[PDB]
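Using the hints, position chain B with the ligand against chain A.
Residue-level listing of the chains:
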Amino acid sequence: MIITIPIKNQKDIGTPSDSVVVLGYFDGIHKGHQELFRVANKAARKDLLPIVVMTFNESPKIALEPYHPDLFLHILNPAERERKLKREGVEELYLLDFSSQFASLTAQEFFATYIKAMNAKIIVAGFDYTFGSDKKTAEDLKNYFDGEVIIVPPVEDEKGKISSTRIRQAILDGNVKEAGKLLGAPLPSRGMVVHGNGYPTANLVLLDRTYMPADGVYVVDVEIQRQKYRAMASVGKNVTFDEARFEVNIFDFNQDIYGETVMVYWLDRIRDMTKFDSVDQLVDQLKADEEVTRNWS
Amino acid sequence: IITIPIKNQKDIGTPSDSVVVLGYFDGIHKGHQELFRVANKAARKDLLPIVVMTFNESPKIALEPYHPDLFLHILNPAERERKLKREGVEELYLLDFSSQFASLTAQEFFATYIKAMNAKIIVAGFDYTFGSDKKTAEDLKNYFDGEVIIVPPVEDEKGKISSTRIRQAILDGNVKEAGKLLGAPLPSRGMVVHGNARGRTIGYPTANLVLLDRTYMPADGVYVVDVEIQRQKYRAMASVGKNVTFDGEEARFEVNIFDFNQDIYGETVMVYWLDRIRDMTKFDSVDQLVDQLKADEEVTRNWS
Ligand SMILES: [Cl-]
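These protein sequence lines are chains A and B, in that order.
Per PDB author numbering: the first sequence = residues 1 to 197, 204 to 248, 251 to 305.
Quick note: the second sequence uses PDB author numbering, first residue 2, plus one each step.
Only chain A is shown next, with the shape it has when bound in the complex:
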């Protein structure tokens, strides 16, 4: 269906036939990106051109900027990224490390190199698009490409343009529902059940360098063995972790699932983490939480 293809350089690219290429960094494959793909699928209709894409293993900042661990954080894991681009209609996905050499390529070297190797017959790119050490715009595209160039207008909501930067921030703020509206699907995190510490809890360790929602209590869906269960997720600092760990209370589920990988889909935030003055207060909150979670939709 889709081939992801790790490449050291353009020489590695193997596309057989003319294609339409979509240009961008593609973290999270949000509504904005999807619009690029909707337009690309419309352009690949006349000649049945397949759609191909190249993007990067890691943020370009790693090559450009002082090192910081957060520079390794992704909205989506690689498998989820591929899954979402597959749904967009992409047929070849080339993955390249953004490097000093790649970064020094001017707009012209870039076409002479990656575009050619890709056989672009039609190029789709966003209004905000920026490329080459030359730092050219989306308009300058026409000047570098023999073939057709389509520039898609920015996708905006009441708040503004839909961007990865907004998604990171919404997640960090704990606004999972907003992140999910922007993403176009609820954020998926991949975790593993582990042996760690009323209502019983699964202890999850996040397996990817993906953003963790803010501390709080969330309504989530959890996928185990291809079956989705509703659950409450709790994230706290010095409470559920101290490495990203968090906890889940899976409703209507009792089984031993240690060492099992699960998918968490973040649906909504309920409340902040809170210290409780009494046990009774705590239980009351949990009962209320449970009700809110089982009934959310």
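Certain hints may be false.
Just so you have them, the derived chain B footprint on chain A, three or more residues with Cβ under 8 Å [as the list claims (entries may be wrong)]:
no., region
1, 54-64
2, 101-114
3, 267-280
Taking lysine-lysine pairs in the DSS-like style, the calculated list, with each CA pair at most 25 Å apart, reads [to be verified]:
no., chain 1, residue 1, chain 2, residue 2
4, A, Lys116, A, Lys86
5, B, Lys61, B, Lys121
6, B, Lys135, A, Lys8
7, B, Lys46, B, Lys142
8, A, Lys11, B, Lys234
9, B, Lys161, B, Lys8
10, B, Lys61, B, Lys136
11, A, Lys61, A, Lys31
12, B, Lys61, B, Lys135
13, B, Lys11, A, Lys234
14, B, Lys86, A, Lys8
15, B, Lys46, B, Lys86
16, B, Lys61, B, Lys31
17, B, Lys86, B, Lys121
18, B, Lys8, A, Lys86
19, B, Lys86, B, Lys161
20, A, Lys42, A, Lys61
21, A, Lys86, B, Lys11
22, A, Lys234, B, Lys8
One side only, chain B facing chain A, incomplete, derived with CB under 10 Å [claimed, not checked]:
no., residue
23, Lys8
24, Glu58
25, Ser59
26, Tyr67
27, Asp173
28, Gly174
29, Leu213
Quick caveat, the hints were computed from the structure, so don't treat them as lab data.
Ideal placement from N, C-alpha and C gives every residue a C-beta, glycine not left out.
Structure of chain B with the ligand alone, referenced to chain A:
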């Protein structure tokens, strides 16, 4: 290409009869090599494909109190494939060693995964223990109609060749010894990053590496290594340091690449550990530090 991840046995797709080798395969060390060797000498009698099933993470995780060390491997998955593929593996299955998988009895396992696998014959280690029941190497014939082959432990002068001996050697710093047992030098996958550039300032430019995987790092020290960048190998010197801070352990991975003058920020590089030059130290002076770097560079250039 070779690796397909599965939730369960239903996911397995072997088209035809095949040879299935069993064990937990970390590092694809030589004793593993013999098992494949024995299996290959059997897969010849009917020309059948070797297919193999191992786990994403230590079985220790479904079984014991959690600890991050449990997520540590000798090899990252891409390298694990290489050794296996080279070793003539055709289909690799990766499954999570869940509580549910733990509960399978030895019959039950044969009924599901072996059935799915299509094994005409099974090749196994003398040590190997499977199943909830604990049925051992010898209990295998009863379960399997087909030929059961029990390769005898591939010993070395030190003794039995194991992942525990490899894990131990790496942690001790003795990477030569680990390369020996592995049958190849340990590969570590790093990414060049904008770290501490005191090296470039001094005129002895270095690349700061962040390890990309949950794999064992060698004992702190300075090492001769080869580095692969853009498919080209270069002799290099590597410095490894692990300094505690409140927030946690800060790990420094430094590589000095001989006869290399390009900017590689962002590039993934592979580090192959050949031997250990010396202990890590602290230099009070540019003179002290430089004399020591020349002496290390001579050792590194001259190493084989
Ligand atoms: Cl990681």
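Do the hints match the structure? See the list:
1. 54-64: holds (count 6)
2. 101-114: Holds, because 3 residues of the region 101-114 of chain A bring their Cβ atoms closer than 8 Å to Cβ atoms of chain B.
3. 267-280: As far as the region 267-280 of chain A goes, the hint holds, because 3 residues have Cβ atoms under 8 Å from chain B.
4. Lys116/A to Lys86/A: Roughly 23 Å separates the two Cα atoms, so the pair holds.
5. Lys61/B to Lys121/B: violated, 30 Å
6. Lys135/B to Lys8/A: Given that 25 Å is the threshold and the Cα spacing comes to 46 Å, the pair is violated.
7. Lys46/B to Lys142/B: holds, 19 Å
8. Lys11/A to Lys234/B: holds, 19 Å
9. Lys161/B to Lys8/B: violated, 33 Å
10. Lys61/B to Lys136/B: holds, 19 Å
11. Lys61/A to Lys31/A: holds, 23 Å
12. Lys61/B to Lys135/B: holds, 16 Å
13. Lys11/B to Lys234/A: holds, 19 Å
14. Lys86/B to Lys8/A: Given pair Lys86/B, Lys8/A holds - Cα atoms ~21 Å apart, limit 25 Å.
15. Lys46/B to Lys86/B: holds, 20 Å
16. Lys61/B to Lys31/B: Holds - the C-alpha atoms of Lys31/B and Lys61/B are around 23 Å apart, at most 25 Å.
17. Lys86/B to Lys121/B: holds, 20 Å
18. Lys8/B to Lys86/A: holds, 21 Å
19. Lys86/B to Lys161/B: holds, 24 Å
20. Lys42/A to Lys61/A: Violated, at about 33 Å.
21. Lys86/A to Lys11/B: holds, 24 Å
22. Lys234/A to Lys8/B: Roughly 14 Å between the alpha carbons, so the hint for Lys234/A and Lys8/B holds.
23. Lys8: Status holds, d = 6 Å.
24. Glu58: Hint holds; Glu58/B Cβ to chain A Cβ min 7 Å, cut 10 Å.
25. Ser59: holds, 9 Å
26. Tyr67: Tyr67/B check passes; min Cβ-Cβ to chain A is 4 Å, inside 10 Å.
27. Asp173: violated, 26 Å
28. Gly174: Since chain A brings no Cβ nearer than about 26 Å to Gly174/B, farther than 10 Å, the hint is violated.
29. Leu213: holds, 9 Å
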